[PDB]
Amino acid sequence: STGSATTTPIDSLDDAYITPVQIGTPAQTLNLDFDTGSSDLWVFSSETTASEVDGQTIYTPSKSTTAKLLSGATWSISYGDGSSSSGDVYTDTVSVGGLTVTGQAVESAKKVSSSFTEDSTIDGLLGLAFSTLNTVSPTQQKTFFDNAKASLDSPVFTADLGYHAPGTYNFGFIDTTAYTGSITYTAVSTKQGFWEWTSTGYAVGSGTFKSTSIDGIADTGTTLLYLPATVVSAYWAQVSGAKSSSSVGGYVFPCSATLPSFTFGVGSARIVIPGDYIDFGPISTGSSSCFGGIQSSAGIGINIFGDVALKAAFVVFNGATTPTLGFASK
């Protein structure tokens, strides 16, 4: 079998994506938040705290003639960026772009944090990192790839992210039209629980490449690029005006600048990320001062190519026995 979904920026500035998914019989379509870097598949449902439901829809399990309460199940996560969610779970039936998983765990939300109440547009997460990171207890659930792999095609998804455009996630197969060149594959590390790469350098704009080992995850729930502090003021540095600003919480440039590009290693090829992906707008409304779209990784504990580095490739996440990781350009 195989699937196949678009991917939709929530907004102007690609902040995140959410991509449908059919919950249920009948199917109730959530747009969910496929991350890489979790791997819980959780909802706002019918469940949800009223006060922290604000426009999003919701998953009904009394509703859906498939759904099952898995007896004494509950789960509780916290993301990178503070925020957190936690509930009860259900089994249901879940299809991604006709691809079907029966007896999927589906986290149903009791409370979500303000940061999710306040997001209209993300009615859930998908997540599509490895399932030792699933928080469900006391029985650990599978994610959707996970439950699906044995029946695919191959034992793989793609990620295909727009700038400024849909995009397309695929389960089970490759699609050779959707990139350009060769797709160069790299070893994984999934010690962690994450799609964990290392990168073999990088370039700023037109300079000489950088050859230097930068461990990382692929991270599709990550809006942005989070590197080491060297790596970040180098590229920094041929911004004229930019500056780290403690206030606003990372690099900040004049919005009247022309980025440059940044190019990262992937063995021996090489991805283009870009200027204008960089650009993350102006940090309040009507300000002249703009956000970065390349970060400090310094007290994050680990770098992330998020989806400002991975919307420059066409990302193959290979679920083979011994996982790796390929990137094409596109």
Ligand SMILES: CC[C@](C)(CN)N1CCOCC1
The other form holds:
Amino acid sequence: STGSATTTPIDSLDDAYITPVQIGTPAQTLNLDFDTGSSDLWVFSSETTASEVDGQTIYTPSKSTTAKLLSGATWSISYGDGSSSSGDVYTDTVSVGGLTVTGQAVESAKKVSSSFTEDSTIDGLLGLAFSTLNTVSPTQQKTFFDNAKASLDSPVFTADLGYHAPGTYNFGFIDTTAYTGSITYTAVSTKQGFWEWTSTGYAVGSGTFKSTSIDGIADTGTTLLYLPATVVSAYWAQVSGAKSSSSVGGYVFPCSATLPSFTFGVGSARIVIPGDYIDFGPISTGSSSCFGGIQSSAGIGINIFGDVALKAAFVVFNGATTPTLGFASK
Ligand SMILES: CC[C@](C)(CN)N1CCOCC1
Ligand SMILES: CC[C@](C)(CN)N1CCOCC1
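Please could you give me the other form, the form solved in complex with the named molecule, since above is the form deposited without the named molecule?
Up next: the whole complex, starting with the chain shown before.
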């Protein structure tokens, strides 16, 4: 089997991407944030505290003839931005772009933090990291990918995120028309439950490539690119007027600037992030100070190749017995 679904930026800054997902019988279609940095499939639901729902589409298990309460199972997640959610668990039929999994754990939110409530466009998350990070207790549950894997033509999914445009998540096959050149594969460590890999270095604009190992995770659920302070300083040093602002919480730059590209290494290959991808617009409405798309990971404990980086590439998440990551230009 295979599946193919279009993923769409939620706003004009590509803050996140939503992908339609069919849950239950008859289908209830929710727009989920596919997140390769977490491993829970959780949704706004009929059980969510009413005051904590603000425009989201909800999953109503009682209207699904295939939904079954997973007795005694609860979940609770606290992401790395203070946001959180928790609730109970059903198993139900879940389909993505024509690919169907029966008995998928669907985590129904009883509570969500304000940061999720405010995102009216995101009806939940579909985690695509390793199932070892799944928060369901007392019996940990598998991701959609993990459940689908054996049935797939090939045990892979790919992320093809667009810049200010729709893109594609494919399951079970590589679309060889969706990228240029070849795919460079690189080793993955699953020890932290992430798609964790090591970049071979970077360049700023037309500058010389610096060979240096940078460990990090491929995370479709993070907006920006978080890298070591040395790397980030080197980048923003090339932008007149750029500075790290403690009050804003990162590097800012004059909105009138044209940004340099940023290149990262994948083995001997190179992925170029165009400068425009690194512009996340005014810090507040009407401001001429703009927020940078490359930020320091110093306060995080891990480097994160989020959407800023990933949308510059065609990315293969290879779930073979020994997982690997593939990157191609596009
Ligand atoms: C998780 C909440 C958060 C960070 C903030 N409301 N969203 C912002 C929009 O893009 C998805 C993530
Ligand atoms: C991801 C960047 C983010 C959170 C997008 N809403 N902002 C931060 C503040 O300056 C403008 C950009």
